[PDB]
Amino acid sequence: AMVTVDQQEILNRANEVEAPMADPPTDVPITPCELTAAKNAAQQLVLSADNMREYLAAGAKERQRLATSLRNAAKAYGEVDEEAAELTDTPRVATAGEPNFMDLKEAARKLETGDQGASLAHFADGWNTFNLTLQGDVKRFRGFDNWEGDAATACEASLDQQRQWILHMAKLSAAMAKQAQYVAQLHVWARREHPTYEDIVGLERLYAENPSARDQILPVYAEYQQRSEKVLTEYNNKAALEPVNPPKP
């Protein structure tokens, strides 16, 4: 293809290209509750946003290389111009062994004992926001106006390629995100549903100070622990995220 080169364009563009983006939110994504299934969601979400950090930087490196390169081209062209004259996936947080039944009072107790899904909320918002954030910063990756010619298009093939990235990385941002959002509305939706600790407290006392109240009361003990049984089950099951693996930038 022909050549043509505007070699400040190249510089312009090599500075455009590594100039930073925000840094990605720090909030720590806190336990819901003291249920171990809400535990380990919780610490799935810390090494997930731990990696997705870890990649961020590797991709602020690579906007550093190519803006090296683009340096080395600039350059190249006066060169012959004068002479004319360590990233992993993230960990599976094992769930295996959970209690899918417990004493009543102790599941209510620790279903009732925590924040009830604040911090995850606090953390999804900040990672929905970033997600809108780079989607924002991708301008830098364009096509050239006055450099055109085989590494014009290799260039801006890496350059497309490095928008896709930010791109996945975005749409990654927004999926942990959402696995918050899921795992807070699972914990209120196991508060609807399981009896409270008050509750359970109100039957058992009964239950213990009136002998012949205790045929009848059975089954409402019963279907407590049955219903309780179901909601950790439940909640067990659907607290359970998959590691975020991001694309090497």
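Positions refer to the first chain, counted from 1. Here the rigid core means the biggest group of C-alpha atoms that line up within 1.5 Å when the two forms are laid on top of each other. What changes on going to the form solved in complex with the partner chain:
- Lining up the core between the two forms shows that one residue from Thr95, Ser158, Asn100, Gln164 moves its Cα 2 Å or more, and that residue is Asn100.
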Contents of the next structure:
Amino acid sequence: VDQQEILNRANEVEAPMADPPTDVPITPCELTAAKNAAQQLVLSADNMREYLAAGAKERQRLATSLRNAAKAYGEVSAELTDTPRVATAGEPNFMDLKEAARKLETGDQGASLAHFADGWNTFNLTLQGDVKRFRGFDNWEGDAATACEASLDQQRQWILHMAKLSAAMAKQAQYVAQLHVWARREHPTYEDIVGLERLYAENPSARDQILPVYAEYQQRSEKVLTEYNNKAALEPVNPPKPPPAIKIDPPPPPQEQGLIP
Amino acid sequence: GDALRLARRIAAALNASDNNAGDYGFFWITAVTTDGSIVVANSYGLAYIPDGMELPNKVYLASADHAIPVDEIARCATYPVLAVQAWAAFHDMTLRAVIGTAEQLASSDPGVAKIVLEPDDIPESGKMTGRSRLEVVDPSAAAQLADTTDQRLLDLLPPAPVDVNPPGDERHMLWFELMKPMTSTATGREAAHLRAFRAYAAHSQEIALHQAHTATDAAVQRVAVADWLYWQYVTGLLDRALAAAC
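Show the form solved in complex with the partner chain, please, the one above being the form solved without the partner chain.
Up next: the whole complex, starting with the chain shown before.
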């Protein structure tokens, strides 16, 4: 049993963990489903960021409890809710082919989403590497030591769960970026629809064979939009509340013995 | 009771190559009741009969009736089977038969004979005569066309336009725009088709207005005035139908 070990472990557990990312994920294009995915990630990252601050307050309380446990062997306004779910559209309504094309290729095409995914995946890896703060004691033994080891273990398991959720949001943003490049590949490019409209305008003599291509060009666009409405609907990330740290109150002053010779 | 054969005759006549010239999504549907009343409907817009086309004396157009609510007219837009059904529904009659080609007929079968047409069953000559389009959709307007002497034909129309120059036949574009939602089966293609057809209606009307105000021939402005009055009716019906479903 040693007091300076406890006093050091308290400072170690109270110390700053990784800074979570703060940059917002911007929608890859101007389609409604893309914006809905980006806004869901905005809400998920905001709620996660609040819950990580709550875990920081819990580690502060655990450090205070460790200091009071060390003094026993000598002398030294809202709460966390769930994440809101962006309401997403079902099968999409009719949209003009030129308009769908013009919206699909207006934006950063997934750069902000990739930066979001990079930041949250790095954050994942940093919290994973920072779990030696919650290991057992070398010299400190007994009932209070076992209770403190249990509290540290609960904080370790919560931190690892938080890392898994950070990885999940990163993979969500990555998925919407891949879905957008598939949509850019499969949907008719704007130059082709404007050129087709102009080629009907040049020879209305070809008007009886331009219409089966446009229907073809419509149908695809519509597969794209249906899939982009269905697959860019992201589940909100609901983190668990951080477990309460053990509360150890300050002890009464120690009785000096050998007193009264 | 009789004239099922006359119904299939006119049903073959609409289905000729005279006016079914590669229009994507255009088809006709002909139907007759137990009374013997003949009703037709196409799949382009509301109260549309093509240019210079006539219908026989018994024939009612389904999308052109006044005893039928405009909201259930617009509900049946571009879906001509449902149109002749709704015509029979409020007009109290039971449909004896529906004629056409079975691709068009795959939608509905409530006690209907489902008459199928083949490439020999349809002759490729239209050859039918009857009422001009103004007399089919607006016989009130066709009667005050007929009491107008050939000099006073400008009393039916609004004044001569402030532009003396012709407006420009952009109709080959607006028609195209019109055919664009007909390549879709998404919810809301009906309404977009009706908006593009309303723009085609208004431009056609302005062209007929200028055509009557610039010509000096009897039959020529009678064509132009009848065209103007027809597109006046069509623009009004499309505006009411687009407005009633917001």
